[PDB]
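Q: Chain by chain, the residues run as shown.
8 protein chains.
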Amino acid sequence: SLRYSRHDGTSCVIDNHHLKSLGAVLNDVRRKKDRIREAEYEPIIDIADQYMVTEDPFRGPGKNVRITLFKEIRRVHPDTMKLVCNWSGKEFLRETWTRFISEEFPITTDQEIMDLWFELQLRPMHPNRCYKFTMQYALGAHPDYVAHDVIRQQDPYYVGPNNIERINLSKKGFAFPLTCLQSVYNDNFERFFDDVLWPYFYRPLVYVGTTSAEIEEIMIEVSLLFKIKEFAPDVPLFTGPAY
Amino acid sequence: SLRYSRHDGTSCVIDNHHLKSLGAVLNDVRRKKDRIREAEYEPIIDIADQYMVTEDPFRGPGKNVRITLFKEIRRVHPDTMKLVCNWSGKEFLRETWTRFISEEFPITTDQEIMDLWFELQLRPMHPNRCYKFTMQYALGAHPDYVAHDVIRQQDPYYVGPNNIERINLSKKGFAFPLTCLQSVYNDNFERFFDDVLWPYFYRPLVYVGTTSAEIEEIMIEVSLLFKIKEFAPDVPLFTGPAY
Amino acid sequence: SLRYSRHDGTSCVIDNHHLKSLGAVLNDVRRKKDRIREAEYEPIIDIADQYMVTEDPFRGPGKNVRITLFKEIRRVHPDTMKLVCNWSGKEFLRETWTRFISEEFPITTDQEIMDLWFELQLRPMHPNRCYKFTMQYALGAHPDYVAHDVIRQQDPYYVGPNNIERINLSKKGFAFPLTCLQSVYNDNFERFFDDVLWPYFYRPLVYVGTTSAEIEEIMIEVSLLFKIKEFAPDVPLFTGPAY
Amino acid sequence: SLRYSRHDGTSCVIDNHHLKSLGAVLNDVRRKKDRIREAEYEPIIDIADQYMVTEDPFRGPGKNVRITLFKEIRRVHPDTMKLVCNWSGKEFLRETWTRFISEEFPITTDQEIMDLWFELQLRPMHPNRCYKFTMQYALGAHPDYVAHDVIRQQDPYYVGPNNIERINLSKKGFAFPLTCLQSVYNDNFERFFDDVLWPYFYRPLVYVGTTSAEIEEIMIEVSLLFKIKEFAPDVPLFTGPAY
Amino acid sequence: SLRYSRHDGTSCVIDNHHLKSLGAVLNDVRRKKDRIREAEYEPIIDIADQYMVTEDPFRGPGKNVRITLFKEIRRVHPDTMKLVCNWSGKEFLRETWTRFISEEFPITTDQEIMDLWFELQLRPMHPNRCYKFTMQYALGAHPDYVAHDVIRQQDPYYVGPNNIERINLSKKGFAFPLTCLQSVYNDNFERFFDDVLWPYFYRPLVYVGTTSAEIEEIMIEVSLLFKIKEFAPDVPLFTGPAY
Amino acid sequence: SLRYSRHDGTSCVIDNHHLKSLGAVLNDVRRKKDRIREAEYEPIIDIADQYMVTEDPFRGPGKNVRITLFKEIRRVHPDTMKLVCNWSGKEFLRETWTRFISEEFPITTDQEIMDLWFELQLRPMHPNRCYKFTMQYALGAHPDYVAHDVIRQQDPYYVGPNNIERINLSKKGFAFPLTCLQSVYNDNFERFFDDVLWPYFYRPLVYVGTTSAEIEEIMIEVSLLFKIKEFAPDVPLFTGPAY
Amino acid sequence: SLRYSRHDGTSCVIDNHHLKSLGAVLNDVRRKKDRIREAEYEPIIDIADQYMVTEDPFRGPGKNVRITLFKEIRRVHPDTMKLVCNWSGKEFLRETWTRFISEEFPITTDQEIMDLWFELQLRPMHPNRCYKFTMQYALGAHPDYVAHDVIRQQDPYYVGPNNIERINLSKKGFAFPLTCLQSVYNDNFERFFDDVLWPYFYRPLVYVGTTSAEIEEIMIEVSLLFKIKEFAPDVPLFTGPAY
Amino acid sequence: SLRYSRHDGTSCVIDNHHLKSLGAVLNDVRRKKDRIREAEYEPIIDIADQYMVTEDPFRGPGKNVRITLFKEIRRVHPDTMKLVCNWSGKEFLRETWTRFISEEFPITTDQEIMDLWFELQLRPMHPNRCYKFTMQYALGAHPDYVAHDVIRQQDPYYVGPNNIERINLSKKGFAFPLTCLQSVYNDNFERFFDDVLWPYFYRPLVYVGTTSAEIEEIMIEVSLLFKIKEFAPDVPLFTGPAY
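In order, the protein sequence lines correspond to chains A, B, C, D, E, F, G and H.
Its first residue numbered 6, the first sequence is counted upward by one per residue in the authors' numbering.
Its first residue numbered 6, the second sequence is counted upward by one per residue in the authors' numbering.
Its first residue numbered 6, the third sequence is counted upward by one per residue in the authors' numbering.
Its first residue numbered 6, the fourth sequence is counted upward by one per residue in the authors' numbering.
Its first residue numbered 6, the fifth sequence is counted upward by one per residue in the authors' numbering.
Its first residue numbered 6, the sixth sequence is counted upward by one per residue in the authors' numbering.
Its first residue numbered 6, the seventh sequence is counted upward by one per residue in the authors' numbering.
Its first residue numbered 6, the eighth sequence is counted upward by one per residue in the authors' numbering.
Same shape as in the complex, but just chain A:
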């Protein structure tokens, strides 16, 4: 859009005298006016620039690898939340390793995972249901602990209006199939599990509720979203032998 994209108007000379399109001079007025608008508020910016905002990682840095795990349907009582997953640590590590490696391989370039995310895409099962979704989670637990199937809503995370919620599993406790920048290697799940210092501890136990005063059938799409920094050389893929 904005067709004449700030490059509107032309110019001609009539008997040595120079002429310019009027609408182009109107922009000259407006831009110069907008920038004058900017100078009065420039001290305002000076104080606003004291503070910072975070870049949406999913609209910004890093590659978007959405490794979907499963779907699930729950009936949620009012003011309650329902458990989405109740895996042992061993069974969370198998799914995470198997599903990412299988869908990502071949890994053809060097890369470092910037952040691992446990993602919830949530949908209401009935139409004309106006409400939002709520979330609670633990990231580690005693390995012989299993979470209650249903809990009461108490200070949840209020999920955004697009019904998508992403929970990160920091590099402080959770092992990664590739912890930092590394060539991809000859990897099997058994070598991975033996290298996790804490296989059975770190396992996300996640709940979802609603803001509805009714029983709500809800749809829960669960993925592990890898944000990956890929270092792919600026070189072609040749058919062998090269040259």
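No wet-lab data here; the hints were simulated from the structure.
Watch out, some of these pointers could steer you wrong.
[Unchecked claim] Calculated pairs, BS3-like style, for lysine-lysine (alpha carbon to alpha carbon, straight line, at most 30 Å):
(1) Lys232(G) to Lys137(G)
(2) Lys38(F) to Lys38(C)
(3) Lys38(C) to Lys38(D)
(4) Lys177(F) to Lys176(G)
Assemble the complex: chain A is given as a structure, and chains B, C, D, E, F, G and H must be docked to it using the hints.
A: Frame of chain A, contents of chains B, C, D, E, F, G and H only:
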């Protein structure tokens, strides 16, 4: 407020013809106008949604457990800050364990601490004193180090306008009475202290100053604020024996 | 349009802390602002809701059955109106019965006519003629009266800007092929005419003029527009025999 | 007013080059801007055009025949209304027939009465009296009933700010000196009264009060306002014999 | 509210010189400014005053007699409407006569019914159901006709946002327990039924649906709302004998 | 766009009363408001109409004959301009005559050239180069003079933002292949050159620079743009013999 | 208008103290505010003052001598233009000389013609015709050429909204009855014609069309408008002999 | 000014997450908003770009050579203008040649004069005189004519608000010391005068008045302002011999 909360106006039929309240049609104009207001600025939102803001944890996720520790009064010279606490690591761990467990017990449900906070509620001692509060802190120190009682203001944290400042003690170094999601157990301070890898190191040494050019008597309320994710089952409390 | 239709922005958790898209918080500001805009003007609404407006029947209740009767061209002198129709009552009842029944049959469901309308769709015959249309009408007349072919403009109805004018023939005088809710029956024009108490009296005599100071050739499309309330059961149409 | 009524500015050619008045180009900007203003609000219009308003009959269709009947002065107690007229049906029909025919004759053209109105023009008798007028009425009554001279204000019609109130007497019950479109005939009151099916029933019994907390002397001008659709041929009045 | 309700500010004299409160002069500026605001838009009003709006009868003229008849619950399929009432004409006249007379008696004053209304107060049975209500109706039917229990939504009346819909039963067909202004008399249902010319014909058959894409349990409160013009004398109620 | 292009809303009559769409009355308010907006600023227009603007000849009068001559690439040093053309007068007249006649013939109608233009379409050769173009020119020179290939920027013409610059060659010195309105004749270049009083003098010597502080490779498209007033009869082209 | 034309308010002294009218101080606020409004936009003016506009010659410099020549009526087919004048050069020079000298004489002062204009005042012949006028012209032609009576619209000059179009005949080709500043002399048409170098060449051949899609009868008033710079001494006219 | 000249705000990464300054995101909102402001008015620009404005030659193209000639003081009667110069053509050509050549020489580069201007810088002689200046002029006259010393104000040129007025002497009649692009040659005034075809004719006779109703002593600074297009090679000035 907003009494007729967007559901204003009624409707009637007069000789098969349908009538509607005028003020309700005015909202029809305005909402449709506001949403038209929203479509011109919708590309603006598209660019704003590139970035994100943080949810105030104390107005948002997690339970608010304010375990008050002590009160203290300091006389602050101009451009100086006064030390609030100068505990050994052993003496910070005793207070943190004793005060949270004693005030929190009985712990009747499973829970995980999301973040531990060292909170400063600050008040001026005199009226008609217009100024704000400043803060500096170290979270760990050599255990045989003790902090100077008074320092000079040099790039402090500028405390918010409500005179409340909350400093988090991350899970990367500081041990917690319950590190992750766990049943509550038979716990004593001696078992806790022996399980801290770094008892004498991690201990907050915190200072407070003002923006005042005068000596200011100030009041400092210190609490440890636990933000707890509680997983309380959606089940009753029965008197024993159940059923 | 309005793509992100008020459901913009997402949410994520970073080390237990909750983040939300900025543009979504902008809507939080604006909606809450619009509703605050609504509370100051809410007493204004209270007074506006004292009064009511009518729903456009043709954009609203009832089925739209446009039974076109004929087209006609007139040359209109300035400040004059030209007669569109000059039927006897017997000849208005034949056209109304024959044309509605023939085009509506088969009438497969129960229905009640809510209002009968005599519709004028008017078009100028020449381009670059800026003016509007004017209307006058009588709905009943002495049956041996016939209207003048041309009259002088004197307090006409000023037709709307879309050049379409609809004149209703109330249920107080005019008989209807089906007066109220009724199964459709074995109906012929002779049974209808004999049941009209006032066949030769009620007959619309309608005129059209312009606001032009010139002779204007104008195009007049005349229809009888039935607004019908249909009570069609929520049942299928089966091929016989059912089951 | 608006002197240059959108036709401002001129144009000239200087050495084949075309020039135009600047203020005229300013309108080009503004109109095009207003119509751009109209396109953003055009969906707003789409929703507003769902509903309709009524045309003020007295500023619009039909001829304005104000047949004044009488004047009257009342002293109105606070929160009371005073009866304006208490005629039998026979005496309302004599006045209506005699006064309209006498003042309207000669009736030289065909015409149909669109609506009969009982009009109240109301004036305060004292200055510096800030209040409005209230109205109540019955249109028919048992013929041996006569209305109380004074009643209590209970849900009145709130008369408009210009102190003029018009009450219509529908064609559903009230007979008219000419019920529909008809040549004017040899008419006397006795033929009229004998043709009214319901002479003594339909008779307006009308009250007026104020919103004042004081006794108010008020002035009441009563007219019967005929809104007439006249079908006057576009032909001259010749002196006889024609041609 | 508006405390100083346009009567703000005072005045004093200092050595013969007159002083006035400043805020009061500010209103002098503003009112005079508002009325100057009114003169520029006064031609706008001139064109707006061409048209008229209807006064909400329930916030305006006439007494509000809400004679509740019954409550009913329906399960509404999507895009369907459910029949609210399916009475014979004899059974609609018994309820209307019995319920209004029983709840209105003693009728102590003269009165005329201005309009009879069939009222629907509608509520959703579940929370967090965002939708509106739709209506269709017939007012008369063949007396041996009974309406389908469920129909398909086809050009309904869109009920107002407050979920209250009022349908009037005109004086053109429907008989009334008191048709016009009359003393109340010795009345029984049998005398009433025998005086209705059309007892079994005129009977409202009314449907309700939703704008929801789900099955909706809905609550339907049905009343007959009499708008009554009461002519209650401005005289006391004395205990007998008077004087 | 503007769909309902000021002709929004319809009108209907209900029991002789006239109704109009509400959104159409909203335009009645707005237009009347805009024109009231126009009357306050009408004295402003009166003063603006004191002055005039020129019509863009290329968006306005005359036919657009763009006779492209050649393309050229220059490397422009900072603050310098590069010569685009350095023809003798004899060689400018050959190109102008040959290229216009060859591309324009057959000239089938009478015509007069309104203005001859030397046009520069300029493009940067590299992307992400933010700058504008500058121009200087002489229209006549001593015929044995040849212009320097590169000069220094000193008060150039600042070319418009669309990078197109048009320089006119007035009728005061430059001969034209057809000087005024004339039938087209049996014309060869030798007859043309012999009729130019000043063949070797009038020859445009034109330079181009940038506002860039870097060496810029630039692309220069050069055309002679004839603005022609064509007097083409309103008659068909028949195949011979006519009739 | 603007009665108190910036000189509002008075002043008085009360016991040595000075008082000033409040409304006058309000202007002090506003002017100072307007000029502060002017300083923020002053850089905007700096950029606007880069460019210039032309003064309407007819509202500005030079005397307005409108020498009307003739009137003419044409029927214009759609998308066509009709020739207004088809004079030989000899016959254009006779009219120009005869009509200006006859109507201007006595020429009592020295004067120089600044510009000669061929003026078209255009009016539609029918009312309610919304369209504008278009123009094309040649100023010189082969003298044995005569223009087609009707041509097709192809890039016309779009005449201004006041339907007046002025075409100048430059001093570069057209001879003038007085070419520059000169005493008026003993002049006859034969001396004039013999002094024109190019009598039969320079003769305006002018066309007019419309923007209408209909045949339009149009009215064309043609004048030669002399803009004259008169140098009339600041001396009286005495009756002879002076003194 | 505008310090952070649209390049405000910085960015940092915290644990792989990207942060940006808030004030910089505010500009992102505003620019994107301004450009959205530009798209609604973009059709407005489309219509404004139909027309063109002239570039102030003195703030734009060409070199500014202000060759001051003389100063003069006049006493101006009200509504009169006073003659500034009354030279013969021979004496105007001597001053123009002598003063430009003497002040311009050495002419070291090739150049073409774009326009010759007769400039008036005007100042009031007394303070607190609020008025503007008016101008009239002839550019050629009979050579034996001399202008009246004082004339009456009749349609003057209204000089701009900065009291500077520039009058151009076109290339159509006036000879120039260098008519087009040419090396500078061995030039004397006698060779120049002999090459002017019209030495005694073309000579500006210029008047000045005021808008004052009083006698005004005024100061008149007269210059000939040459706008020169200089073609100065991008080569150094070496001391001889080069290399």
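Q: Which numbered hints are broken by the structure, listed smallest first?
A: The structure breaks none of the hints.
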